[PDB]
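> Put chains Y, U, b, X, T and a with the ligands on the given structure of chain Z with help from the hints.
Okay, here's what each chain looks like letter by letter:
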Amino acid sequence: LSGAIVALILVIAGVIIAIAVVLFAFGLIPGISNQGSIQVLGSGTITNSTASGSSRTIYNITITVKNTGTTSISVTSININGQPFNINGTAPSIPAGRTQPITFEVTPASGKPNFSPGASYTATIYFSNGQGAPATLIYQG
Amino acid sequence: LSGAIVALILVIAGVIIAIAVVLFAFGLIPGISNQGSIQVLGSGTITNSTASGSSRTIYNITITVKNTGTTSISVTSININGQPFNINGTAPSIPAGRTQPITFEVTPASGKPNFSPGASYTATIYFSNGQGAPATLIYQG
Amino acid sequence: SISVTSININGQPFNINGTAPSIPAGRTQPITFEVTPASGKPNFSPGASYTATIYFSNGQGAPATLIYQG
Amino acid sequence: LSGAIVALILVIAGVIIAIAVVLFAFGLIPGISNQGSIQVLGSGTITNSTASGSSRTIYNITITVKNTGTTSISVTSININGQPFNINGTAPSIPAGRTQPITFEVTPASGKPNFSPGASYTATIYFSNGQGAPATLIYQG
Amino acid sequence: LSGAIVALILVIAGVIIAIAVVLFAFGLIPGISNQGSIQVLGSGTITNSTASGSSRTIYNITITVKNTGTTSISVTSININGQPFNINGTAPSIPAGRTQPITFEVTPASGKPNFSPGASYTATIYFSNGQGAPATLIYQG
Amino acid sequence: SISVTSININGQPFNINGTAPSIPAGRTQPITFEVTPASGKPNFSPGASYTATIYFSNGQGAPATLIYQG
Amino acid sequence: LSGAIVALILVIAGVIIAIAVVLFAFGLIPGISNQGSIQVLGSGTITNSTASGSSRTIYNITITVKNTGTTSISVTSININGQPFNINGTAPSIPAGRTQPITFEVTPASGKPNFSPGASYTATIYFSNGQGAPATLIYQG
Ligand SMILES: *[C@@H]1O[C@H](CO)[C@@H](O[C@@H]2O[C@H](CO)[C@@H](O)[C@H](O[C@@H]3O[C@H](CS(=O)(=O)O)[C@@H](O)[C@H](O)[C@H]3O)[C@H]2NC(C)=O)[C@H](O)[C@H]1NC(C)=O
Ligand SMILES: *[C@@H]1O[C@H](CO)[C@@H](O[C@@H]2O[C@H](CO)[C@@H](O)[C@H](O[C@@H]3O[C@H](CS(=O)(=O)O)[C@@H](O)[C@H](O)[C@H]3O)[C@H]2NC(C)=O)[C@H](O)[C@H]1NC(C)=O
Ligand SMILES: *[C@@H]1O[C@H](CO)[C@@H](O[C@@H]2O[C@H](CO)[C@@H](O)[C@H](O[C@@H]3O[C@H](CS(=O)(=O)O)[C@@H](O)[C@H](O)[C@H]3O)[C@H]2NC(C)=O)[C@H](O)[C@H]1NC(C)=O
Ligand SMILES: *[C@@H]1O[C@H](CO)[C@@H](O[C@@H]2O[C@H](CO)[C@@H](O)[C@H](O)[C@H]2NC(C)=O)[C@H](O)[C@H]1NC(C)=O
Ligand SMILES: *[C@@H]1O[C@H](CO)[C@@H](O[C@@H]2O[C@H](CO)[C@@H](O)[C@H](O)[C@H]2NC(C)=O)[C@H](O)[C@H]1NC(C)=O
Ligand SMILES: *[C@@H]1O[C@H](CO)[C@@H](O[C@@H]2O[C@H](CO)[C@@H](O)[C@H](O)[C@H]2NC(C)=O)[C@H](O)[C@H]1NC(C)=O
Ligand SMILES: *[C@@H]1O[C@H](CO)[C@@H](O[C@@H]2O[C@H](CO)[C@@H](O)[C@H](O)[C@H]2NC(C)=O)[C@H](O)[C@H]1NC(C)=O
Ligand SMILES: *[C@@H]1O[C@H](CO)[C@@H](O[C@@H]2O[C@H](CO)[C@@H](O)[C@H](O)[C@H]2NC(C)=O)[C@H](O)[C@H]1NC(C)=O
Ligand SMILES: *[C@@H]1O[C@H](CO)[C@@H](O[C@@H]2O[C@H](CO)[C@@H](O)[C@H](O)[C@H]2NC(C)=O)[C@H](O)[C@H]1NC(C)=O
Ligand SMILES: *[C@@H]1O[C@H](CO)[C@@H](O[C@@H]2O[C@H](CO)[C@@H](O)[C@H](O)[C@H]2NC(C)=O)[C@H](O)[C@H]1NC(C)=O
Ligand SMILES: *[C@@H]1O[C@H](CO)[C@@H](O)[C@H](O)[C@H]1NC(C)=O
Ligand SMILES: *[C@@H]1O[C@H](CO)[C@@H](O)[C@H](O)[C@H]1NC(C)=O
Ligand SMILES: *[C@@H]1O[C@H](CO)[C@@H](O)[C@H](O)[C@H]1NC(C)=O
Ligand SMILES: *[C@@H]1O[C@H](CO)[C@@H](O)[C@H](O)[C@H]1NC(C)=O
Ligand SMILES: *[C@@H]1O[C@H](CO)[C@@H](O)[C@H](O)[C@H]1NC(C)=O
Ligand SMILES: *[C@@H]1O[C@H](CO)[C@@H](O)[C@H](O)[C@H]1NC(C)=O
Ligand SMILES: *[C@@H]1O[C@H](CO)[C@@H](O)[C@H](O)[C@H]1NC(C)=O
Numbered sequence: 016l017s018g019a020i021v022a023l024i025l026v027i028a029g030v031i032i033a034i035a036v037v038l039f040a041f042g043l044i045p046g047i048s049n050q051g052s053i054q055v056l057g058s059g060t061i062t063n064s065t066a067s068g069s070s071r072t073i074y075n076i077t078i079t080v081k082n083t084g085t086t087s088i089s090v091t092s093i094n095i096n097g098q099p100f101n102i103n104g105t106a107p108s109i110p111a112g113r114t115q116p117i118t119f120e121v122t123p124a125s126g127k128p129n130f131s132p133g134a135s136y137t138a139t140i141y142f143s144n145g146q147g148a149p150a151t152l153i154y155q156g
Numbered sequence: 016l017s018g019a020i021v022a023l024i025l026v027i028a029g030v031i032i033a034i035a036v037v038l039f040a041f042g043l044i045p046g047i048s049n050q051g052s053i054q055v056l057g058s059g060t061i062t063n064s065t066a067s068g069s070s071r072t073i074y075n076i077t078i079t080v081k082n083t084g085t086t087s088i089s090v091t092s093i094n095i096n097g098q099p100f101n102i103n104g105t106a107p108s109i110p111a112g113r114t115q116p117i118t119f120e121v122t123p124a125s126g127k128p129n130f131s132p133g134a135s136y137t138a139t140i141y142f143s144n145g146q147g148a149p150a151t152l153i154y155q156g
Numbered sequence: 087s088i089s090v091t092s093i094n095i096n097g098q099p100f101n102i103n104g105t106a107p108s109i110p111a112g113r114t115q116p117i118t119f120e121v122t123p124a125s126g127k128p129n130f131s132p133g134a135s136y137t138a139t140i141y142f143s144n145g146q147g148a149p150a151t152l153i154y155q156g
Numbered sequence: 016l017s018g019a020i021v022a023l024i025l026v027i028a029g030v031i032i033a034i035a036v037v038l039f040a041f042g043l044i045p046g047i048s049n050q051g052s053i054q055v056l057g058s059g060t061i062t063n064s065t066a067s068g069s070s071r072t073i074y075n076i077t078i079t080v081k082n083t084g085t086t087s088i089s090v091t092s093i094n095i096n097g098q099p100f101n102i103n104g105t106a107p108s109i110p111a112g113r114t115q116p117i118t119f120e121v122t123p124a125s126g127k128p129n130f131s132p133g134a135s136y137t138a139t140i141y142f143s144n145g146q147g148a149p150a151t152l153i154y155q156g
Numbered sequence: 016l017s018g019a020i021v022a023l024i025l026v027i028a029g030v031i032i033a034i035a036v037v038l039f040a041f042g043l044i045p046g047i048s049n050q051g052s053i054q055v056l057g058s059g060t061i062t063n064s065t066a067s068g069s070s071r072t073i074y075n076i077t078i079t080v081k082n083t084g085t086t087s088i089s090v091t092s093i094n095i096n097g098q099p100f101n102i103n104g105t106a107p108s109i110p111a112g113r114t115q116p117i118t119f120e121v122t123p124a125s126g127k128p129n130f131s132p133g134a135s136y137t138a139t140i141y142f143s144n145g146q147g148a149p150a151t152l153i154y155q156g
Numbered sequence: 087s088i089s090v091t092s093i094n095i096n097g098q099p100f101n102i103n104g105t106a107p108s109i110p111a112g113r114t115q116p117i118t119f120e121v122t123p124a125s126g127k128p129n130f131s132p133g134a135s136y137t138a139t140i141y142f143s144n145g146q147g148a149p150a151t152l153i154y155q156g
Numbered sequence: 016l017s018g019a020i021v022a023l024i025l026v027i028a029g030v031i032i033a034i035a036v037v038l039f040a041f042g043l044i045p046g047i048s049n050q051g052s053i054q055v056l057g058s059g060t061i062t063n064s065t066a067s068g069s070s071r072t073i074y075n076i077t078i079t080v081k082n083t084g085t086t087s088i089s090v091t092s093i094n095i096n097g098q099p100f101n102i103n104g105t106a107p108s109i110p111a112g113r114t115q116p117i118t119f120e121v122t123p124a125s126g127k128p129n130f131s132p133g134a135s136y137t138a139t140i141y142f143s144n145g146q147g148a149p150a151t152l153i154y155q156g
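Protein chains in written order, with the authors' numbering: chain Z, 16 to 156; chain Y, 16 to 156; chain U, 87 to 156; chain b, 16 to 156; chain X, 16 to 156; chain T, 87 to 156; chain a, 16 to 156.
Read the hints as simulated data drawn from the structure, not as lab findings. All C-beta atoms, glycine included, are put in the ideal place defined by N, C-alpha and C. Among these hints, one or two may not hold up.
Which residues of chain X face chain a? A few of them, derived with a C-beta cut under 10 Å, are [stated by the list, open to error]: (1) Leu-23; (2) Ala-28; (3) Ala-33; (4) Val-55; (5) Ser-135.
The calculated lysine-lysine pairs, modelled on DSSO-like cross-linking and capped at a C-alpha distance of 27 Å, are [what the hints assert, rightly or not]: (6) Y:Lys-81 to b:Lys-81; (7) Y:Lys-81 to U:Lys-127; (8) b:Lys-127 to Y:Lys-81; (9) X:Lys-81 to a:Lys-81; (10) X:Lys-81 to T:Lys-127; (11) b:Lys-81 to X:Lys-127.
Next up, chain Z with everything else stripped away, as it sits in the complex:
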C-alpha cells in the first residue's frame, strides 16, 4: 500500500524541484551581469613621478572610470603595453554609480620601460570583477 503513496510524493516533489531549478537558472543572470560593471572612458595619462631618482621609477596613471554596478570595485592589477605593472599604494576603488578620475601610482614588475613624450601606450586595467578594460594612456612626463 505504501508504494502508491511514495510514488505520489515523488511525483509532486519532482514537479516542485523542476520548477525550482527553472527559477534558479534565471536567478543566476543578474549576478553574471556584474562582469561588465566598469567602463574606462576617455584617454588617460601616464606621468613620471619618481622624485628625481629617489624612487623605483614610479609612474602616475590617471583614467576616467565609470562604475555601473552596485558595489565599490578596485583596481587589482595593470598591464601597460604588454608589460606587467604593480600598484605602489593601496588600490583605488570606484564607488557605485560614479564616473570619476582614478589616479594611482605604479611600478614596473620587471625591467625598466622607457616612455617617449606624447606617445600612446595601451594599458589593460584589471578590476575586482575580473573585467579587463583596455585604455589608451598618453605619456606626459
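Showing chains Y, U, b, X, T and a with the ligands alone in chain Z's frame:
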C-alpha cells in the same frame, strides 16, 4: 501481496508516460521553424501624423517586410531609440509569401520622443510569431 | 524496417502521397517520395532552404533542411 | 521498480535526439551558400513612365545583374534614397548563370519622390534569395 | 508478515535494476563519445571531366583531407553552390590518422552547373559519420 | 583500492598489457599503464585529441581526453 | 519503499555522471586552446628552378617564417595566383619558437604558371595545423 500488485501497476504506467514524453519532445520540433518567418528589408520611414491640439502624437511608420511562412503575421509592438511605442488601430497583416511595404500608426507610451528631421533611429519590430527584427528608420518630418 | 508517415515543411503539414517509402535496416539510401499539402498552399522560393521534420513509423522525428530546386 | 525503467527510456531517447540535432546542424550548411548568389554590376537608370492624369507615378529601373547560383532569382523590393518602393507587375527573373540588364517598374509607397534630372541616388536591391545589393541609379528623366 | 518481506524483496530488486540502468548509462559513453573528424584543409579544385560529347557531365573534385579519427571514413555526397551532386563510382575512403589528397568524380543530381573559370564556390562534403565539412572549391576548367 | 579493468579509446576496444594499475583510497595520482589494440591497428596523429573511457573495478566508466604525443 | 530508494540511487548516479561530463569538458580545453601560429614575415620570392629542358617545371619558394607555437610544424601545400602547387620533396619543418628563412621546391598541380619578372603574386601557404598564412611572393626569374 499488495506491494507487488502496486509495483506492477506503477511499472506499466511509467513505461507509458515516458514514451508519451519522448513523443512530445519529438513533436515540439515543427513549431520552432515559425520563429524566423519574417525579415525586414532596408530602411523605413517615420512621419508625424497628428493635428493641432490633438490629445496625442501619432507617427506613421513604413517598413518593407518579407514573410516566408505559410501564415499571415502581424506587428505587435515597436521599440524606437529605446522607447516603447503602442500601435494604434488594427495591426497590419503580412500575407504568407509576399514582400510588402507595410505602414502602421504608433503613439509613444513612455514619453514624448524628440525626433529630429532626417535623423536615423534604430528600432526593433516585434511580430506576432514571436520574432524580433532590427530596423533602421529615417524621420522624414 | 522503418517507413515515413508524415512530413512538416515550414510549419505546414504535408501528406505522403502513395505507398510510403520503407528504409531497410542498416542501410544508407537516397529516399525519394511525393507529398501533397494537407491544407493551404506552399510559398516555396527557388534556392531557399526550409526546415522540415520527417516523422517515421517509430514516432521519432528527424529535423532536416530541404532546398527548393524548382 | 518504475524509476529505473523510465530512466532507461529517457537515456536512449536523449541519445537519439542529440544525434538528430547534431546532424541537423551539419545539414544546415548548404543553405548558407545561396545567400550571395547575385551581384549588381555598375550603375543603373531610373526613368519616368507615367501618363498625364494617371493615378500614380511609375518609374522604369534598369540595372545589370549577375547571377551565380543554380536557380533563377527575382527582385522583391527596392529602397531608393531611403524611400521604399513597390514593384509593379510580375517581377523579372534572373536566369541561373547569366548576366543581364534587367528592367522593372516601381511605384512609390511612402510618398512622392522628387527625383532630379541627372542626379545620382543610392539604392538597395533586395532579391528573392534574401540578398541585398547596393546600387547607384542615375535619373535620366 | 507478508508486507514487510514483499517490501524488502522490491527494495532489493529496485537496487538491482537501478544499478543495471546506471551501468548501461556508463556503457553508452564509448559509442557517443567519439572525438576525431575529417578535416578539409585548404581550397580544393573542380575540373571538367566530361569528354567525347557524351550526354552526362562529370567533374573531378580534388581536396586535401585529414582524418583525425581512428576509423576509416568515406565520402557519401557533396553539395556545390547549393546544388547536390552524386559521387560517381566507388566513393574514396580516407584511412585513419592520415592526410591525403583525395580525388573523386561527381555528377549533378539535377539540372546543370554554371561554373566559371577561376571562380570559388562554397561546397559541403558529407562523410560516412554524417558529419559535413564546408570547403571552398576553385573551378579550374 | 580500485583498479582499471578495461579501456576503450575513441570507440575502439583496448587491452591492458601488464597487470592492471590500482588507485589507493583517498589518493590523487598519475596512473600510467601499457595498452594494446584488441582488434585492428588504430593510427594516431601527433597532437590530436582522442576520447577514452576508462572502466574501473566499480563498474564506473570515466570519460577522459588523451592527447597523442608519440 | 522501493520507489524512494530507486529515486535516491538515480539521483546519486546522475550526480556522478554529470560531474564526469563536467570534468570531461574541462579536459577538452587543452586540446582546443592552442595559441601560437606560424607567421609569414615580409615578401617571399619565387625563382625558376626548371633546368636542362626536363619536362616538369619546378620553382623555388623562399619565405621568412616565425613559429610562435610550441610544436614543430611543416608546410603541406601552397596556392599561388589561384593555382594549387605541390610541395616537391620532403616538406620543410619549422621548429618551435624559431624564425627562419625557409626554402622549398614546388611544382604546379595542374596547368602552367604565367609568372612575370618582378610581379607580385598573392599566395597562401597551408601548414600541418590546417592554418593557412597569406603571403606575397615576388617572381625573381
Ligand atoms: C623619469 O625620471 C627619472 C629621474 O629623472 C629618470 O630615471 C633616471 O634616469 C637617469 C639617467 O637615465 C638614471 O641615472 C637614474 O638612476 C639612478 O641614479 C641614482 C642616482 S641619481 O641619478 O638620482 O643622482 C642611483 O642612486 C640609482 O641607483 C640609479 O638607478 C634614473 N632614476 C631611476 C629612479 O631609475 C627616468 O628616465 C624618467 N623617465 C621615465 C620614463 O621614467
Ligand atoms: C564541361 O564539359 C561539358 C562537355 O563538353 C560541357 O557541356 C557541353 O556544352 C556545350 C556548349 O558549351 C554543349 O553543346 C554540349 O551539349 C551536347 O552537344 C553535343 C554535340 S557537341 O557539342 O559535342 O558537338 C550533342 O550531341 C549533345 O546532344 C548535347 O547535349 C554540352 N554537353 C553536355 C553533356 O551537356 C560544359 O559546358 C563544360 N563546362 C561546365 C562548366 O560544365
Ligand atoms: C621556367 O623555366 C622553364 C624551363 O626552362 C620554362 O618552360 C619552358 O619554356 C620554353 C619556352 O619559353 C619551352 O620551349 C619549354 O618547353 C620544352 O622545350 C623543350 C626543348 S628546349 O625548349 O628546352 O630547347 C622540349 O624538348 C620539350 O618537349 C618542351 O616541353 C618549356 N619547358 C617546360 C618544361 O615547360 C618556363 O617558361 C620558365 N618560366 C616560367 C615562368 O615558368
Ligand atoms: C601623482 O599622483 C599622486 C597621488 O597618488 C600625487 O601626489 C600628491 O601630490 C600632492 C602635491 O602635488 C600632495 O599634496 C599629495 O599628498 C600627494 N599624494 C600622494 C598620495 O602622494 C601627485 O601630485 C601626482 N602627480 C605627479 C607626481 O606629477
Ligand atoms: C498615416 O496612415 C493613415 C492610415 O494608416 C493614413 O490615413 C489616410 O489618409 C488619407 C489621406 O492621406 C485618407 O484619405 C484616408 O481616409 C486615411 N485613412 C485611411 C484608413 O487610409 C494617413 O494618410 C497617413 N499619414 C501620413 C502623414 O502618412
Ligand atoms: C507633429 O506635429 C504636430 C502638429 O501638427 C505637433 O503637435 C503640437 O505641436 C505644438 C508645438 O510644438 C505643441 O505645443 C503641442 O503640444 C503638440 N501637440 C501634441 C499632441 O503633441 C507635434 O509636436 C509634432 N511632433 C513632432 C515629433 O514633430
Ligand atoms: C518601361 O517598361 C515597360 C515594360 O516593363 C515598357 O512597356 C513597353 O513599352 C513598349 C513601347 O516602349 C510597348 O511596345 C510594350 O507593349 C510595353 N509593354 C511591355 C510589357 O513591353 C516601357 O516601354 C518602359 N518605359 C520606359 C519609359 O522606359
Ligand atoms: C512624370 O511625368 C508625369 C507626366 O507624364 C508627371 O505626372 C504629373 O505631373 C503633373 C505636373 O507636375 C502633376 O500635377 C501630376 O500630379 C502628375 N501626375 C502624377 C500621377 O504624379 C510626373 O510628375 C512626372 N514625375 C517625375 C518624377 O518627373
Ligand atoms: C580526373 O580524375 C580521373 C580519375 O578519378 C582521371 O582519369 C584518369 O585519366 C588518366 C589519363 O587519361 C587515365 O590513364 C586513367 O585511366 C583515368 N582513370 C580514371 C579512373 O578515370 C582524370 O585524368 C582526371 N582528370 C583531371 C583533369 O584531373
Ligand atoms: C633552389 O633551391 C634548391 C634547393 O632547395 C637549390 O638546389 C641546390 O643547388 C646547389 C647549387 O647548384 C646544389 O649544390 C645543391 O645540391 C642543390 N640542392 C638541391 C636540394 O637541389 C637551388 O640552387 C636553388 N636555386 C635558386 C636559384 O635559389
Ligand atoms: C608609494 O606608496 C606609499 C604608501 O604605500 C607612499 O608613501 C609613497 O609616496 C608612494 N610613492 C613612492 C615613490 O614611494
Ligand atoms: C487611431 O486609430 C483609430 C483606428 O484606426 C482611428 O480611428 C483614430 O483616429 C486614430 N487616432 C487618431 C488620433 O486619429
Ligand atoms: C501521387 O502523385 C502521382 C504523380 O507522380 C500520381 O500519379 C498519383 O495518383 C498521386 N496519388 C495520390 C494519392 O496523391
Ligand atoms: C503596373 O503593372 C501592371 C502589370 O504589368 C501594368 O499592367 C500596369 O499598367 C502598371 N501600372 C500602370 C500605371 O500602368
Ligand atoms: C564515372 O566517370 C567515369 C569517367 O572517368 C566513367 O568511366 C564511369 O562510367 C562513370 N560512372 C558513373 C556511375 O557515373
Ligand atoms: C607488457 O607487459 C610485460 C609484463 O607483463 C612487460 O614485461 C612488457 O615490457 C610490456 N610490454 C611489452 C611490449 O611486452
Ligand atoms: C624536386 O626537384 C628536384 C630538383 O631540385 C629534383 O631533384 C627532385 O627529383 C624533384 N622531386 C620531385 C618529387 O619532383
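> Hints first: check each against the structure and report whether it holds.
Comparing the hints with the structure gives:
no.: 1; hint: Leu-23; verdict: 8 Å, holds
no.: 2; hint: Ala-28; verdict: 7 Å, holds
no.: 3; hint: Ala-33; verdict: 4 Å, holds
no.: 4; hint: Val-55; verdict: 9 Å, holds
no.: 5; hint: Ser-135; verdict: 8 Å, holds
no.: 6; hint: Y:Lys-81 to b:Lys-81; verdict: 23 Å, holds
no.: 7; hint: Y:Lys-81 to U:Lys-127; verdict: 17 Å, holds
no.: 8; hint: b:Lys-127 to Y:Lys-81; verdict: 23 Å, holds
no.: 9; hint: X:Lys-81 to a:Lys-81; verdict: 24 Å, holds
no.: 10; hint: X:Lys-81 to T:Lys-127; verdict: 18 Å, holds
no.: 11; hint: b:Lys-81 to X:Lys-127; verdict: 17 Å, holds
This entry satisfies every hint, going by the numbered hints stated previously.
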